[PDB]
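J.: Residues per chain are reported as follows:
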Amino acid sequence: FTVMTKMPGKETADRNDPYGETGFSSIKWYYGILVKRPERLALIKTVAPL
Amino acid sequence: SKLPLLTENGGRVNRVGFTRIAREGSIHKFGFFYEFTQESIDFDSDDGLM
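Line order of the protein sequences matches chains H and E.
So the number in PDB author numbering is just where the residue sits in the first sequence, counting from 1, plus 351.
So the number in PDB author numbering is just where the residue sits in the second sequence, counting from 1, plus 101.
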């Protein structure tokens, strides 16, 4: 996970907000899997009681 | 109606400008003279004329 946080202040003060009144926090990542032996993944599909 | 009010979101609001002025003055030239003869000094009654 890559987390980027900028708090209000001179960090967020630019030509679009000279006063730097706002901040933000974001998170991002990459994910993926490679299925090598799909037959070894066994699944049963059924209904369930209330 | 023209107070620089500011909200919690800031933004491009309440921009101002400035001005300056230039002053000037110049100099001028003056003078005058007078003329005399040798006799007007030597033969005059008053030896302190000049």
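What the hints contain is simulated information worked out from the structure, not anything from laboratory work.
It cannot be assumed that every hint is accurate.
To be verified - Each pair of labels, with its calculated beta carbon distance range: (1) E:108 / H:381: 15 to 21 Å; (2) H:386 / E:106: 58 to 64 Å; (3) H:364 / E:103: 47 to 53 Å; (4) H:389 / E:109: 24 to 30 Å; (5) E:102 / H:368: 20 to 26 Å.
By construction, the Cβ of each residue, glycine as well, lies at the ideal position given by its N, Cα and C atoms.
J.: Run every hint past the structure and note whether it holds.
T.: We went through each hint and held it up to the structure:
Remark: the range hint 15 to 21 Å for residue 108 of chain E to residue 381 of chain H is contradicted by a beta-carbon distance near 38 Å. With their beta carbons about 60 Å apart, residue 386 of chain H and residue 106 of chain E fall inside the hinted range of 58 to 64 Å. The beta-carbon spacing between residue 364 of chain H and residue 103 of chain E, approximately 24 Å, falls outside the hinted interval of 47 to 53 Å. Judged by the Cβ atoms, the range 24 to 30 Å given for residue 389 of chain H and residue 109 of chain E is violated: they are separated by roughly 54 Å.
About 24 Å separates the C-beta atoms of residue 102 of chain E and residue 368 of chain H, a value consistent with the hinted range of 20 to 26 Å.
Violated hints for the displayed structure, listed by number in ascending order: 1, 3, 4.
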